[PDB]
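Asks: One-letter residues, chain by chain:
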Amino acid sequence: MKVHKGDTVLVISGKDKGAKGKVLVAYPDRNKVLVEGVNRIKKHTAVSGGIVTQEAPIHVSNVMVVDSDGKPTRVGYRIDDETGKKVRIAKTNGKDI
Amino acid sequence: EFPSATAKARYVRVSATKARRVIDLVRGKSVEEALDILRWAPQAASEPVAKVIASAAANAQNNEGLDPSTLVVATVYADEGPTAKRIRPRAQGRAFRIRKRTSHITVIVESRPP
Amino acid sequence: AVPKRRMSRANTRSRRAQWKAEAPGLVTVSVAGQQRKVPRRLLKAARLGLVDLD
Amino acid sequence: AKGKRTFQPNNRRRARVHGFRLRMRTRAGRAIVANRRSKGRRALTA
RNA sequence: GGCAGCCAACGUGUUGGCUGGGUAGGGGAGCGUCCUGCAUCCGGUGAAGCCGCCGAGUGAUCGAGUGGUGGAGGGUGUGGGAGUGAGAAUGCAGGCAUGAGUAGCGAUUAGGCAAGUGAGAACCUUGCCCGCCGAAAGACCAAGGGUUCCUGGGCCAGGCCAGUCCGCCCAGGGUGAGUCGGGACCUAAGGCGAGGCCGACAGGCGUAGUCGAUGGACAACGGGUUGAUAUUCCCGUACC
RNA sequence: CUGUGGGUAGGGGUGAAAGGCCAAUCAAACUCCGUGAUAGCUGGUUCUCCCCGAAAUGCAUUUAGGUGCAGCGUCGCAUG
RNA sequence: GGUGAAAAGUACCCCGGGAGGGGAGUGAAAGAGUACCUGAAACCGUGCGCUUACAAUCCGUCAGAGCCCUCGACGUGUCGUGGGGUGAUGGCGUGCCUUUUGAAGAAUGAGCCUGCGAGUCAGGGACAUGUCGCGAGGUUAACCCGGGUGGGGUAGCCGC
Ligand SMILES: [Mg+2]
Ligand SMILES: [Mg+2]
Ligand SMILES: [Mg+2]
Ligand SMILES: [Mg+2]
Ligand SMILES: [Mg+2]
Ligand SMILES: [Mg+2]
Ligand SMILES: [Mg+2]
Ligand SMILES: [Mg+2]
Ligand SMILES: [Mg+2]
Ligand SMILES: [Mg+2]
Ligand SMILES: [Mg+2]
Ligand SMILES: [Mg+2]
Ligand SMILES: [Mg+2]
Ligand SMILES: [Mg+2]
Ligand SMILES: [Mg+2]
Ligand SMILES: [Mg+2]
Ligand SMILES: [Mg+2]
Ligand SMILES: [Mg+2]
Ligand SMILES: [Mg+2]
Ligand SMILES: [Mg+2]
Ligand SMILES: [Mg+2]
Ligand SMILES: [Mg+2]
Ligand SMILES: [Mg+2]
Ligand SMILES: [Mg+2]
Ligand SMILES: [Mg+2]
Ligand SMILES: [Mg+2]
Ligand SMILES: [Mg+2]
Ligand SMILES: [Mg+2]
Ligand SMILES: [Mg+2]
Ligand SMILES: [Mg+2]
Ligand SMILES: [Mg+2]
Ligand SMILES: [Mg+2]
Ligand SMILES: [Mg+2]
Ligand SMILES: [Mg+2]
Ligand SMILES: [Mg+2]
Ligand SMILES: [Mg+2]
Ligand SMILES: [Mg+2]
Ligand SMILES: [Mg+2]
Ligand SMILES: [Mg+2]
Ligand SMILES: [Mg+2]
Ligand SMILES: [Mg+2]
Ligand SMILES: [Mg+2]
Ligand SMILES: [Mg+2]
Ligand SMILES: [Mg+2]
Ligand SMILES: [Mg+2]
Ligand SMILES: [Mg+2]
Ligand SMILES: [Mg+2]
Ligand SMILES: [Mg+2]
Ligand SMILES: [Mg+2]
Ligand SMILES: [Mg+2]
Ligand SMILES: [Mg+2]
Ligand SMILES: [Mg+2]
Ligand SMILES: [Mg+2]
Ligand SMILES: [Mg+2]
Ligand SMILES: [Mg+2]
Ligand SMILES: [Mg+2]
Ligand SMILES: [Mg+2]
Ligand SMILES: [Mg+2]
Ligand SMILES: [Mg+2]
Ligand SMILES: [Mg+2]
Ligand SMILES: [Mg+2]
Ligand SMILES: [Mg+2]
Ligand SMILES: [Mg+2]
Ligand SMILES: [Mg+2]
Ligand SMILES: [Mg+2]
Ligand SMILES: [Mg+2]
Ligand SMILES: [Mg+2]
Ligand SMILES: [Mg+2]
Ligand SMILES: [Mg+2]
Ligand SMILES: [Mg+2]
Ligand SMILES: [Mg+2]
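Residue numbers (PDB author numbering), protein chains in the order written: chain W, 1 to 47, 56 to 105; chain U, 6 to 119; chain c, 2 to 55; chain e, 2 to 47.
Treat the hints loosely; a few may be bogus.
[Stated by the list, open to error] Here are some chain U residues pointing at chain c (derived, C-beta under 7 Å):
{"#": "1", "residue": "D41"}
{"#": "2", "residue": "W45"}
{"#": "3", "residue": "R93"}
No wet-lab data here; the hints were simulated from the structure. The beta carbon of each residue, even a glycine, is placed where N, CA and C say it ideally should be.
Let's have the full structure, built from the sequences with the hints guiding it.
Replies: Next comes the structure, spelled out in structure tokens:
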């Protein structure tokens, strides 16, 4: 889905626009990711009694991965014929991320 | 104007016109007088409306924090609600319609001066 | 017989008006040192504790 | 005071008058079964 | 004083003269709806729809005048195309009135009180009475039904009222056979029917057969036990 | 009289015969199809304004409450 | 069929047996609360304004007293090129549609609202009339080549 778990992503649209984060879980069939620190919600838990605050998914379009020098990018693919692999490269600087 | 508290009871299984027939007894009265009148009035629709009145009083108890004894039932009415339709079979293969009607009782009480 | 015409709102509301209730006439009684209101019909029965003042 | 209605249930007789085997043995019955299958009935026959 | 139709005059937009009830019907010119080519404009600083205010036009109607509600698309010009206009079809669908808080609440037995439960009890539980059936309104089955049976829970819909109850809702449980009733035994009316004969074809009958109980043959009885099964389980004694 | 099982099917069945009955239907059952049957008959047919504006007679008619042609309306052209 | 961008689907408190609500929170909005976009009419209430219990009313229209609201002016309550609401009272006044010589008709149809429901389409058809192209000529049909609406196609057809 070009954006995975565990890689830093800059949220590119929406209210939290301009925030770095890390994707904690990817929902490929909904085109959505859950990245910590952004798109927080305030949910009522019926009881440990109180009101909770966690994150909610953002559309994967709303976020762009971050480079090796901290610049957001679109990601392309290169072929590593040495192992038949298909590696993710950054379209901006040409190296992996 | 006077400070006011509201209470609504919706989808009560009582015909609106049968709720109004005891609502018309207690409109514009002190809450305690209305509750007494409903408690000794021999129509079943008193059970919902009484509760609604009491509920409104409690709101002024606990959300406006105003004096119990100054409350007057300023506005009270009964709106129609959804109707369920049933069939009663009749003579010679006829089938007549039956309406199970409901109501929404609304009360606003005010804390008027003595 | 069967109604010849649909009946008008004035005439409908004229005898829907008679279908009303009257409020019972209440009097005061003292039970357990505190005052309650009861019909004068039930006055005695409240005075010797046979009506349940909620 | 006769009050006997027309439908008197009987599982065996309903089978032997409307069942699958009787619809199949003839030709109009196979036509009926194929027609009901094409229409989409969940129950082709008694 | 305003409009319009026909005609005339100068002349090229005026003026003047005549005329302007109307069904069937003929002709002419238009209003509003939607979809579209092309052109322009408006719109989250709030489009459409709806509700108003204040107005406008000779009519259908109008409001790039305004507010409220609303939340994403619209206006206008010039052409193109219509599933283009409803008040009547004992019209179709849905929602809702009138009668009207009216009739009815489904036999010919009939209930009462005390106590309990519970937020709430004429209707539920318990006791004591009273009454009705008793060739049944009791007991057991077939056909038919299908889980309605038992236990625990429930009380929104159903129950012609209420319901704490229920043949209603929910979950779990429950149906034990050598002998009972069937098949594995037998055939009747009949059904189908290898080959078969008949018939343009489709098919009709039918032999041998093979099914088909409402009938024939064939070995188990009494007691106890579960909340729910009982010649089935167990106990005692049998039979094939 | 009755239970269980079975047989007869639509111009056909069955009838101690009433045109009775054949699934609450029978002087020819029901379903689907031909099919949107056909009705000189009844009903309905939706916005506006401008100008003009009838007939209910003659003739023929398996005709008489239908239709054809004439008469009588409107629009276009010709004549004046 | 339609909550919202996202369940963030109302923690906790209060009245109530529950159902339902009132605070508090969520949300851009809860005139979005899983009875959920917009939320019309019929139908049903509640509040206020005017009127109505000696009066024969197709329920209107024209004239109209009184009351109530509003816009101006002068001023301080009374006029004005006024505007609304309601209406005591007086004159006139026989629903709509179908179908009929003729119906308010005691002839038909219609309880009410909202949505729906009836002259359309095909064809080198026929006749007439507009409009356009070419014109003693006019035009192609099948077909063929064009990702198109373009170009070829003389067989026929109509006029002569
Ligand atoms: Mg994006
Ligand atoms: Mg009461
Ligand atoms: Mg019946
Ligand atoms: Mg009925
Ligand atoms: Mg009889
Ligand atoms: Mg003139
Ligand atoms: Mg005229
Ligand atoms: Mg005139
Ligand atoms: Mg428009
Ligand atoms: Mg256009
Ligand atoms: Mg724009
Ligand atoms: Mg906004
Ligand atoms: Mg549109
Ligand atoms: Mg606004
Ligand atoms: Mg608007
Ligand atoms: Mg057009
Ligand atoms: Mg239409
Ligand atoms: Mg309509
Ligand atoms: Mg209608
Ligand atoms: Mg209807
Ligand atoms: Mg009613
Ligand atoms: Mg009556
Ligand atoms: Mg009576
Ligand atoms: Mg009665
Ligand atoms: Mg009964
Ligand atoms: Mg008791
Ligand atoms: Mg007896
Ligand atoms: Mg006896
Ligand atoms: Mg019995
Ligand atoms: Mg039971
Ligand atoms: Mg219940
Ligand atoms: Mg009930
Ligand atoms: Mg129970
Ligand atoms: Mg039970
Ligand atoms: Mg044995
Ligand atoms: Mg045989
Ligand atoms: Mg053979
Ligand atoms: Mg045979
Ligand atoms: Mg056998
Ligand atoms: Mg037997
Ligand atoms: Mg038992
Ligand atoms: Mg035993
Ligand atoms: Mg016999
Ligand atoms: Mg049989
Ligand atoms: Mg016969
Ligand atoms: Mg039938
Ligand atoms: Mg019959
Ligand atoms: Mg026949
Ligand atoms: Mg016939
Ligand atoms: Mg035909
Ligand atoms: Mg026809
Ligand atoms: Mg004229
Ligand atoms: Mg003629
Ligand atoms: Mg002519
Ligand atoms: Mg907030
Ligand atoms: Mg909004
Ligand atoms: Mg709703
Ligand atoms: Mg809504
Ligand atoms: Mg008077
Ligand atoms: Mg008179
Ligand atoms: Mg008058
Ligand atoms: Mg008059
Ligand atoms: Mg007639
Ligand atoms: Mg007539
Ligand atoms: Mg006549
Ligand atoms: Mg009439
Ligand atoms: Mg009349
Ligand atoms: Mg007639
Ligand atoms: Mg009628
Ligand atoms: Mg329709
Ligand atoms: Mg054509």
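Asks: Run every hint past the structure and note whether it holds.
Replies: Cross-check of the supplied hints:
Checking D41 of chain U against chain c by beta carbon gives a least distance of about 5 Å; that is within 7 Å, so the hint holds. Interface hint status for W45 of chain U: upheld, as the beta-carbon distance to the closest one in chain c is roughly 5 Å, under 7 Å. Interface hint at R93 of chain U: violated, since its Cβ lies 20 Å from the closest Cβ of chain c, which is beyond the 7 Å cut-off.
Checked against the numbered hints given earlier, the structure breaks only hint 3 and satisfies all the rest.
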